[PDB]
Structures are given as C-alpha cells and as structure tokens.
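A.B. asks: If you want the building blocks of each chain, they are given just below.
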Amino acid sequence: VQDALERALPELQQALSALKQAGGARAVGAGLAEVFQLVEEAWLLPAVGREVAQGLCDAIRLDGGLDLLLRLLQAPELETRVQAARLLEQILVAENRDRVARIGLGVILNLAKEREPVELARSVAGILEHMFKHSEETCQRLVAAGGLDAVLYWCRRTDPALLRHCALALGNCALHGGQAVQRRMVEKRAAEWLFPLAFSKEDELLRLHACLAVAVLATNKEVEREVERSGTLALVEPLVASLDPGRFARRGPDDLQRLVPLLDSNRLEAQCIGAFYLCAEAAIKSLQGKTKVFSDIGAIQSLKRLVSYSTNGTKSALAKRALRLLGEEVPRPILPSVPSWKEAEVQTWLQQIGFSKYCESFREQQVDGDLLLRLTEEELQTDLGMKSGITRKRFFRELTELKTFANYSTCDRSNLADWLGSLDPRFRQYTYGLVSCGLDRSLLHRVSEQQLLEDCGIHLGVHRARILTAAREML
Amino acid sequence: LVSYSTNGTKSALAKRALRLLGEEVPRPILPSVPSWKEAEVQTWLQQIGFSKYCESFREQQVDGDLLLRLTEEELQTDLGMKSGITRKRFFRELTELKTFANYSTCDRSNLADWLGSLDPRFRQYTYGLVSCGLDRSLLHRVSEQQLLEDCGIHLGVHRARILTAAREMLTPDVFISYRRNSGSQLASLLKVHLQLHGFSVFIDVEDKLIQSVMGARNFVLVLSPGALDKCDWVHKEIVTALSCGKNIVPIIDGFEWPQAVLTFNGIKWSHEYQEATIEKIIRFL
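These protein sequences, in sequence, are chains U and W.
Numbering-wise, the first sequence is residues 61 to 310, 322 to 546 according to full-length UniProt numbering.
Numbering-wise, the second sequence is residues 377 to 546, 561 to 596, 605 to 629, 637 to 663, 673 to 699 according to full-length UniProt numbering.
Since the hints were made in silico from the structure, they are not lab data.
All C-beta atoms, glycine included, are put in the ideal place defined by N, C-alpha and C.
Hints may contain errors.
[As the list claims (entries may be wrong)] Okay, derived cross-link-like pairs now, SDA-like style, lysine to any residue, Cα gap no bigger than 25 Å in a straight line: (1) U:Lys-474 to W:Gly-504; (2) W:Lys-413 to U:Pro-324; (3) U:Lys-464 to W:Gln-452; (4) U:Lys-428 to W:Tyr-429; (5) W:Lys-413 to U:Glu-179.
[Stated by the list, open to error] Just some of the chain U residues that point at chain W, by a computed CB distance under 7 Å: (6) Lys-281; (7) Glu-297; (8) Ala-301.
[As the list claims (entries may be wrong)] Per label pair, the in silico range of CB-to-CB distance: (9) W:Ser-610 to U:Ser-519: 47 to 53 Å; (10) W:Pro-404 to U:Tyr-213: 56 to 62 Å; (11) W:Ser-432 to U:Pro-407: 36 to 42 Å; (12) W:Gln-521 to U:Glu-450: 42 to 48 Å; (13) U:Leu-104 to W:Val-675: 51 to 57 Å.
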C-alpha cells in the first residue's frame, strides 16, 4: 500500500549509481555510500520495510548492480571494497543467492584471503554466512575451497558482529551440509573452535549460536565422540538453564524442519537446544498471528514425548512452556515402575501416545502393566482389534520405548538390565522377558538359542546371537 | 532429475523445460529420509506418480521409519496395492530413494560407504543392516539366515557377496586462573590453543578445583587489566600452586605489576601475532 511510493523508485537508484561512469576512486566510494544508507532507511521502517526490502533487492538484480558489484570487488587501487561487500550484505536474499552462487564463488573466495582489515572481514564473514544457507553443492564448494577455513580463522577475533557472523555461518553450514560436510567440519576441529564463542561473557546471542552449532554437530552419531572430546557440549545445559525464551525470542517452515530432528534425538544438549529454540519460535509465531505449521511439522508429538519420558527439569520446563504457548494439553510424566502399573496407568499411557482409539478395548480386556509388557502380535491382532499390519509396528515401537525407559526394580534381582545395557543400550527392552522366565546373571551361561526365542521372546536373530556369545563369556 | 538433483545446472535446465512445457515443478526432497514425517511422505508419493495410494498412506500414518521398512505383505494387505507389478514399480521407486537417502542420524560406523564400495546398488541395505544393530565391527559374525530374515536382503547373490566381503575384514597438564568478564576471552583462546597443540587442560567451566590444581602438572595465570586490584579464588589457587612451586607462568596483557608472588617473569600477549606467543609458551612449559 504505502510502500508503492518507494516501489515507483523515486531515486532511480540515484541515476543507476551515477550512470556507472564514475571513473574515480572517490567517486565510486561516495556513490556506494548513499545507495547503502538508502537501503537501510528502506529496511528499518515499521511493518512494510521488510516487504519493500525485497523490492529493492529485485530492482538491483534486474538493473545488474549485482554483477556491477562483483566486478567492483577486484579494483586494487580501490582499497575500499568494504562498502562494496557491506552493500552486498543487505541485498543478499535467496533470489540474489542463486545468481551469486552461479558465478561469484571465485571472487568471493579469493577475497576470503583478505583477513587483515576487520572492517572488511565483518562483511565477508556475513557473505559466507548467507552463502552457506544455500544448497549442499554450494556448501561443498565453499568447504573445499576455503570458506570454512576463513570462518575458522576468525574465531580469534574480537569484533562482536564478526564473531556473530562466524558462529551463525558455522551453524548454517552444519545445518545445510551433508555427511561429508559435517565430517570435514569436525576434521578441521571446529568443535574445539566453538569454545571461545560459546564461552563468552559480553553477549548471549553468540553463546546461543555456538551452542546450536555444536548441538547440530552432536546429532551425527559418527562424530559424537569427536565432538564430546572438545568439551564444548558441557556449556549447553548451564546456558539453557540460565537464559529465558519468553523475551529473548526477539524462521520458516523449512527452517523448523531442521529443528525437529534436534528434538527427536537421544542427546540431552541437542534436545534442550531444540526445545529452547522451538519455544522461542512458538512465542513469536503465536504473537504474530496464528499458524498451525507445528502440527504438520510434527513438533507437537515430539514435545509430548520429551515431557512424558522427560528426566531433566530444564528440558521439561522448556517443553511444558512451549506446549502451553501453543495451547495444548501438557501430558504428565509417567511413572517409571511399569510392572507395577494398573489399568488407569495403562489408559493414560495409551492416551499420551496417540492410540486413544484402542483404549476401550484395552479397558475391556483389563490390561495392566504385567500384561502390557508381555503382549504378542497375535493377541494384538485378534483380541484388541489392531488389524492393520503397520499400526502394530507403531504400537511395538512405542512399547519398545516404554520398555527401554521402564524401571525393573521389583522384578530384576541380579540387575540383568544393566548387563543388557552394557552390551547395547537397545538391549534393555528384553529385561522383563528374561526375568519373567526365571533367568539371572548366574543362569545365562546355560541358556540356548531356542529358549531365547520361544520363552524370552527375542525375535531378531542378531540380538539372540549377540546375547548368547556374550553370555558364554561369563563362565 | 529435478527431485533427486544435486547440480544446479541440471536442476535449472530441468526446471526451465518443465515450465516451458507448462507443468508444475516438483520441489527437491530432503535427503534425511529416516527423519521424515507424514507430510514429507505424502509429497514424495505425489512426486513419483503414486497419488492414488495417498489416502491409504495418510490413514495408516506412514513416516520415514515405516517407509524404509515396508514389506510385500504390508503393501498387499494394509495399503491396498493388489496388483503384482504395481508393487514392483513401488519397490523400484523405494530402491531409488534408499540409494539417494542420507543415513547419518542412525548410521554410526559409516556402513553405507562400505556397502557402496562393494557395489553402488548395495547402498539400499544400510537401514536394514543398522536397524538390526550391526556395524563394521560386527559384520564378520553375521550369518546367511540373518541377512535374509532380519536385514531383509532378498537376492541370494547380494547376500553371498556381502558375506564373502565381510569375512575378509579380519590427567590435566595445565590449569588456568582468570577473573570473570575480564580475561575470559584470553582464557578461552589459550585453552583452545593448548588443546590443539596436544596439551591436556582443565578450565573452570563456570575445593575440588584445588584438587585439580594439585593434579595439574603446570599452572597458567593470566594478567588481565585490573585483575589483581580486587584482591579470593585467584588468591587461593595461586597460593595453592605456590605451595608446590610448579612452573608458574603469568601472561602479561596490560599489567604494570602494582606475598612474594610478583617475583616471576612472563610473556606479553600479542592479539594479532598469534602462534608465536603460543610457540614460546610451549617451550616455556
């Protein structure tokens, strides 16, 4: 509406940057400055500046000022490429990102060696940060050619904006790279180089960005040990406990699709970062209109599963707050002692995992904890009414999670659960099947292959073989 | 070519051709398939021409994990693919997806690369192999029956090849003392450098800290501007370190030396001439 007045381009981009025929060093140095300042008063105005910024960027792309700029960043007598890059910053949205990714990774990554002037480093770092948000191909060219090294070297710097750009660039690269990208990033020892950024005192945004980067790196379980040896994962929990997302919150559906996997992970630091960021974005999106993107993106069930089985106060806190802000029920944490459950506990657990439709059948058949932990596919198909072949797979996935989380203290006498967990954290689910058949540590060295199948209910052959060959070691 | 594309040139040409013929351009699909949800599954189904079997998938709530483990009986009975060759088309599409997929969330020993080294068509078995808790250190004990019943490898030739290929496998040193909010950045860089150059370190992540001071072979003291004027934590740790007398090295950064603690020498810190002061400090301790 109002922005159409500036959309008519009253400035003509200052006669198209003074007809491009400035020809003088001071001439171009001046000419860049006022078109710069103009783009900032275009950007920084209430509620329509965001929309008119895209119009200015489109106008520049159409006029060719982008390629103008990419030929401007080479002039050796023009020591002041600073204004050139610092103008490239504000005009770089995905539509310009495609064009610059086409041709300018030579000039940008040749400029990346110019690390001495901080006033230009602060801009080229932002250029790399914006570039890393592009596709995996762009990320791989940048990593292979030296953009990652340029970002890494600037961790010794002190400028707040430059450090912010470096941290955000590393987070962007980790999010939008592949297995090879993450492997190379950890190979260059980027986990150790996030320590001076996450352990800061002047500001908090740098700390949050570095922690998000390391948490994203910590969800790739090929390099978990390498990330943990750096000591950077120890800073995530205190920082998240100290900060508050209610007012600090000041993204897109694609961006939150890269936040959900942080929620759906076994790493506490990754889960905490995911919950913090999701709570902040939920606050902002609920305040700025309403949107049901969370239901489609699947963060609702993740938040419910990060509170029902929650064992950390901070995680629970961030979750409960996010669920309340989105206006949904907050499920109660379920008791760990599952073999001592009753019908009420079973009904609640069914309601909290989205199986509310198969609740009347469970109530009618009077399934308690002991019956729940020994439930077979024939029983599920015939008695409780789950005819679908993959609904049963979903139910057994949920039951596997419950069995792994359960607390077998009233049943397990010789602590067989810890023995199974030492072999494999996913072997703990077999504890009830092993102990209800009358087995313990002193009796595992006489069990057979057929017994572990018919009696204990271990279905996978690999698991049976591993358990047998490790039980024979007991002697 | 527009969906699984990895090159822009190719993506741009395919998109231009599709627009010029007047057809909708499918969006590229995320490589991280095990983390998919119902929306991603529905979009992938719509992109490959299986839009008829979309309501069945939505009603059964098939996500990425269920999709990567989908059997012939499940397709025939639960989702409704009665035809015997429609399932062959679907499994062709699923094989292409599995080959393209990105197993970093679940794969720990980089087993996909091992399979791809054998044969680029063996990469589809990664999820099946890792859902059974297998890896590089465990493949030399897997059996023919297991690779069929558990992992899901159907073709006998592939099982034999994988089996025969598997059978051929056969104390802290320095302690750092600083004043908070004044020298924290210097302490961070110092620990990072000393860790990069092979020296173990214990930094205060914020009496057992005193025990760590004892356990540390050496001690590091930063001279932040206006640090000792307050004096304390620095006092207790410095006197504890002096009790043993083990390589007390102060790094001067704007310290004018305003007890018997000051009778020591150190090195001035250079912000930009880095890797030189660190090189000197390596020789110093």
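A.B. asks: The structure should be examined with respect to each hint, and the outcome stated for every one.
C.D. replies: Taking the hints in turn, this is what the structure says about them:
| no. | hint | in the structure |
| --- | --- | --- |
| 1 | U:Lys-474 to W:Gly-504 | holds (22 Å) |
| 2 | W:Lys-413 to U:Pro-324 | holds (13 Å) |
| 3 | U:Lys-464 to W:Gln-452 | holds (16 Å) |
| 4 | U:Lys-428 to W:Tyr-429 | holds (24 Å) |
| 5 | W:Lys-413 to U:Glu-179 | violated (44 Å) |
| 6 | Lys-281 | holds (5 Å) |
| 7 | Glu-297 | violated (10 Å) |
| 8 | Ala-301 | violated (13 Å) |
| 9 | W:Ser-610 to U:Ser-519: 47 to 53 Å | holds (51 Å) |
| 10 | W:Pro-404 to U:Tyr-213: 56 to 62 Å | violated (33 Å) |
| 11 | W:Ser-432 to U:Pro-407: 36 to 42 Å | holds (37 Å) |
| 12 | W:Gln-521 to U:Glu-450: 42 to 48 Å | violated (27 Å) |
| 13 | U:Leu-104 to W:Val-675: 51 to 57 Å | holds (53 Å) |
The earlier numbered hints that this structure contradicts are 5, 7, 8, 10 and 12.
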